[PDB]
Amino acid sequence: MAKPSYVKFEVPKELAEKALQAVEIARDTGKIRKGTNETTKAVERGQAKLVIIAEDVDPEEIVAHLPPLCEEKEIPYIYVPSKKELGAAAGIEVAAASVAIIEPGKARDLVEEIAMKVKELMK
C-alpha cells in the first residue's frame, strides 16, 4: 500500500497493537491526553512520553506537524492504523487522530519497548 506523507516509517502489526495496549493501560493506571490539540500541547510542554498517531487521518494536515515536533523535542512517536480504534483505546466515544501518554503507569515497560523499537525504525 501507500501511506500518508506524515507516516515516516512502517510499523509492524504487533508493534501497533502494543501501542494501543499502552494507551489503554496508561488510561487505566496512568495519565493520557487524547485528541490532537491536547496531544500537541503535551508535546510542546515536554510532558509526553510517547505520541501515538493514526495512519488514516484526512486531511493529513491535522497531524502532519506532530512527527517533526516530536523529533525536535526528542519524544518518541508511533503509528496505529485506525483513529477509531485509537479513540476507543483512549476511552472516548469517537476517533482520535493522536494521543499522548503522559504517565505510563503500568505501561512503563511497554512504552520503553516501543521507544526502543521506534529508535531503530527512525534510522
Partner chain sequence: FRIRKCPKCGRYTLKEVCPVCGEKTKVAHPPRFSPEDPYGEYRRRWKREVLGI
The other form holds:
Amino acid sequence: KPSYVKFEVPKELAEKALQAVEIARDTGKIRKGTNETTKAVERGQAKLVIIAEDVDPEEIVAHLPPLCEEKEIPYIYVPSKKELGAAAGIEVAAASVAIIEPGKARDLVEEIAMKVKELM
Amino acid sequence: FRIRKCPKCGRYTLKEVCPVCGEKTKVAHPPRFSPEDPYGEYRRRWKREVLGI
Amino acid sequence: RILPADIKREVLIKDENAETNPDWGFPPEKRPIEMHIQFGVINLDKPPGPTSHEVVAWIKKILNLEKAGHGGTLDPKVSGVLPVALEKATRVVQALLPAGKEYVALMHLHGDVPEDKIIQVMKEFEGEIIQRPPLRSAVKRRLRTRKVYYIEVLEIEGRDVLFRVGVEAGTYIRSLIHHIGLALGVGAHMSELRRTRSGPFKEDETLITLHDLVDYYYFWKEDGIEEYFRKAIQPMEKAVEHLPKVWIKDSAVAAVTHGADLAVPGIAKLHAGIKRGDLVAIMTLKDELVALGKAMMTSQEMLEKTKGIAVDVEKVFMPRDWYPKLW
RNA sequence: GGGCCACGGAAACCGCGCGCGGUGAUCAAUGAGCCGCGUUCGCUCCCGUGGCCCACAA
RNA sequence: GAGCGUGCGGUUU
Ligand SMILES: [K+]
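Let me have the form solved in complex with the partner chain next, following on from the form deposited without the partner chain.
Up next: the whole complex, starting with the chain shown before.
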C-alpha cells in the first residue's frame, strides 16, 4: 500500500474515523478536500486529519503526514476516498478531511488520537 | 482522465487491473505541478524518507 | 511497433589501431555535475495543464538556466515525453524535432460500431495522410502529407477506443481521429492524448516528472546529494542515439571543433548504411558528441578511400579546448 | 575569402487556457462559481555585427 | 526576414 501511509490501521479504528466525521459534520465543523484540509493544518485549526489510503497520484496527499507532524496534529487513514466523501456529506470522493470542531464526537476523537499515538 | 497503465507491465489500459501482468493500474498522467509549489518542502520530507536519504 | 529511428546499425572499423588519450575530453559519465548540466537534456514527463513553453520557463527559473529549448510542442492538456535540451546542448533539438513520435490516444466515437469494424478501418490509415494544420497552430496552415507508421488498438470499451499510433513529425492527431470518425460514418473526437516517444526519448527510467526534477535539484543544491539530479539529466549524446555515427581519431577532433570538414583519414569507425546527404553525428572514441554533419560519402566509400571530405561539418557542440590542436 | 562559434533580427499591454492566494459548491473536494494576482520554448535557413580557426588528422 | 515543431489568438507602436 502507498508510501504516504505511515502505519497500519485496524478496521475497527478505521470505522471509528468514518463515524467521527459523520457526527462532527452536522454537530460541529469539518473541512473536506485536500486544499481545505491542508489550510486547516497550516492554520492550526485541525483537531484530527483523516487521509484516504487509495489516493492516486500519491502527491495529492503525500505532504500531509509530514505537515501534520510539523504542526503537532494527529492524522489517521481510511481505506476508501469515495466512502470518506460520503462521510463528509458530499456525493463525490474526498482524498482528505479535517475536523475543526468535533461537536458531539469529542471523546471519540480523543480516543482515536491516543491509539494512533502508539502507532506513530 | 481515463488512461491508466500497469506499473509492472507498462501496458496502457482503461481497466483497474492489468490485462497482461495482473497488477493494479495507476493513472497514466503525472500529477499537476505549480511553479509556486507550496508544499515542495513537506513533499521533499516525505520523499527523503522514501529514498533512504 | 517500428519507427525509422529503430533500424539496426552495424558499426564498421576503419582504423583498428586508433586509441584515445584519457587526459583529453570529458566522456559523459566523468563530467563534473555543472558541465553535465551545460551539455544536458531532460526527458520530461509533461503534466496536463500548462503549455510546453510555460513548463520550460519554469524549468529555466527553478534550475537557474540562461537557456533551454523543448522539442515538438505538446498541447496544454497532453502529457508525456517532452525532451528539454539545456544551455549549450539546446541546439541538439534539431536531431529530435524531425524524428518520429508515438502517442497513446483515447478516441470517443459518437455512435456504436462493432469492434471488428473499428480495427479494420483504423488499419487502413497506416501510410500517407493528407492534412491541413488546425486553427491552433504554430505553423503555416497549408495542405501537407505525413506518414502514420503504425496504429495499434489496445482496448475498445463501447464507444471508447484506446490506441497507440506512430507518426512522422508534424502529424496532427486530432485531425486523424476526426477522419477515422468520418470513415466509420458515426464521427469521433479525441478525449485524451499522451506522447510515449520522441525519437530516442522513451518511457524508461530516464523519464522524469517536474516534481522529481525540482526535488532532485534541491537534494543537490540544498542537501549536497549529486546522485539523483545527475540521473535526472541525460548527456546530449542521448539526443543523438537514433542517428548514424562516425567515430573519429583524437587528432581530428579539435580541427572539427574549429569548423574543419571531416576527411576520411580522421575516421576510426562508422555505422554501416550511411548514404550521401544523410544527417550524421560525429563522435569521439570516448563516445562524446563532437558535431552534427552531412554525409558527403556512403559508408563503403568512407571505408574504401584514403583521402577526400567524408562529412560536411555543420553544427559543433564540443568546446574548442577539450582536445589539443594536433594539426 | 571560407568554415565554425556567439550576439541581434522588436517592445509594451490584451484575451483564451493554465496556475497561486482567498472563499468553498443541489454527483469537477484530484476543486464549481466568484474576487485578486501571476503566466508562453526553442530550432533551421537567411541577413547584420563581432570572435576563433583554415586543420586530409600527421 | 522565410520556415519548422500537436497551442496559441488580439490591440497599439
Ligand atoms: K504531432
